Amino acid sequence: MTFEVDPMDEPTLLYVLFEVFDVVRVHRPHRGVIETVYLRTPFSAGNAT
Amino acid sequence: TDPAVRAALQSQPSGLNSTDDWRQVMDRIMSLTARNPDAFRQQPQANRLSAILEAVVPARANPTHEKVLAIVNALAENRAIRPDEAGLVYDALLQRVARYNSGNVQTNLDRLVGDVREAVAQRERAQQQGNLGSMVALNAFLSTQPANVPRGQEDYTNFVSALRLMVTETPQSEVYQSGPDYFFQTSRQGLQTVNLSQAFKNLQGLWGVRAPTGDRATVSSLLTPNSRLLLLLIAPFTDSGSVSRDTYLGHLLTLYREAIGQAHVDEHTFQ
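Chains B and M, in that order, are what the protein sequence lines are.
For the first sequence, position 40 (counting from the first letter as 1) is numbered 941 according to the deposited numbering, and the numbering increases by one without interruption.
For the second sequence, position 157 (counting from the first letter as 1) is numbered 162 according to the deposited numbering, and the numbering increases by one without interruption.
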């Protein structure tokens with residue numbers, strides 16, 4: 902990507918918020934047990950695949 | 006909803022038309038279904054691919070929860086535990102299985118879900134069939150009672166058989182023993198409770214000698230009202246000729262039988 906912006910006299914950051922998918926599945930088999938299966942596809946992270 | 010604990014369960018752990026029934030999905034995805042063909046041919050790509058990917062290589066499932074829930078629901082519908090106890094005991098059994106699991110345990114669990122399904126069905130049909138427990142109690146009571154009446158015997162044994170038939174032919178009736186007596190309730194949570202032991206004790210003296218005295222109300226006060234109710238409850242049974250007529254007992258039975266008769270008949274007529 903190539904952005905072009907107007908000059909400024911102080912440091913600035915460009916924030917690109919790549920939009921993505923990000924879901925969590927909550928698994929609770931027994932009493933007092935929580936299991937989570939994360940996922941975030943376009944920037945892969947989590948358990949399932 | 007449904008009593009069959011398999012059915013009343015499987016509503017809880019199951020999707021809707023997933024790949025648990027693979028044949029239907031495979032039929033619908035190609036073209037085979039006739040109800041609405043070309044439905045699958047025109048879905049978005051992702052969905053289509055995903056089903057297909059599911060179809061060619063199925064994904065394994067863990068059926069432990071389904072079986073455990075089935076047996077728990079069977080216990081609940083069979084009054085083994087209270088529903089709150091059902092919520093607790095589901096987790097209890099789940100932990101029990103999870104800490105001792107083996108292929109043998111799964112096999113026994115399938116055996117057990119079959120057994121409990123059959124047990125629930127049998128319990129329901131038996132509860133609607135006549136409640137053998139009441140019959141057992143009545144036979145015990147009759148064994149307690151003597152079988153010989155010095156004045157008249159045919160009427161006595163005929164009446165005994167009539168009572169046996171009455172308790173057999175109408176389920177939901179209760180026969181039991183609370184104190185040193187036997188009773189007969191015409192229904193759970195129902196009125197009309199007859200002190201069977203007292204009724205028989207009072208009626209012992211009126212079997213074979215009240216025929217000639219039925220015309221005069223000189224001994225009519227010997228009939229205690231409890232025994233009168235007992236006779237009233239057996240009017241539909243012990244039809245004409247079972248108890249010898251021209252007898253005070255026979256006269257009462259005939260009158261009560263005629264009365265109840267006009268009534269039900271007129272009633273089914275209604276309008």
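Warning: the hint list may mix true and false statements.
Some chain B residues judged to face chain M by a derived CB distance under 10 Å, without partners named [to be verified]: (1) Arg-926; (2) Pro-930; (3) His-931.
Here are some chain M residues the structure puts well away from chain B; computed CB gaps all over 10 Å [what the hints assert, rightly or not]: (4) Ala-44; (5) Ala-216; (6) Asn-231.
Worth flagging that the hints you see were computed from the coordinates, not collected in a lab.
Even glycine gets a Cβ: it sits at the ideal position worked out from N, Cα and C.
Hints, one by one, checked against the model:
With 10 Å as the threshold, the beta carbon of B/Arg-926 stays out of range of chain M, its nearest partner Cβ sitting at about 15 Å, so the hint is violated. Evaluation of the B/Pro-930 hint against chain M yields a held restraint, the C-beta minimum of about 7 Å falling below 10 Å. For B/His-931, the interface hint holds, the least distance from its beta-carbon to any beta-carbon of chain M being 6 Å, beneath 10 Å. For M/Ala-44, the shortest C-beta to C-beta distance to chain B comes to about 27 Å, beyond the 10 Å cut-off, and the non-interface label holds.
No Cβ of chain B approaches the Cβ of M/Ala-216 within 10 Å, the least distance being about 73 Å, so the stated non-interface status holds. Look at M/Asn-231: its CB is around 55 Å from the nearest CB on chain B, clear of 10 Å, so calling it non-interface holds up.
Figure legend: structure checked against the earlier numbered hints; the only hint not met is number 1.
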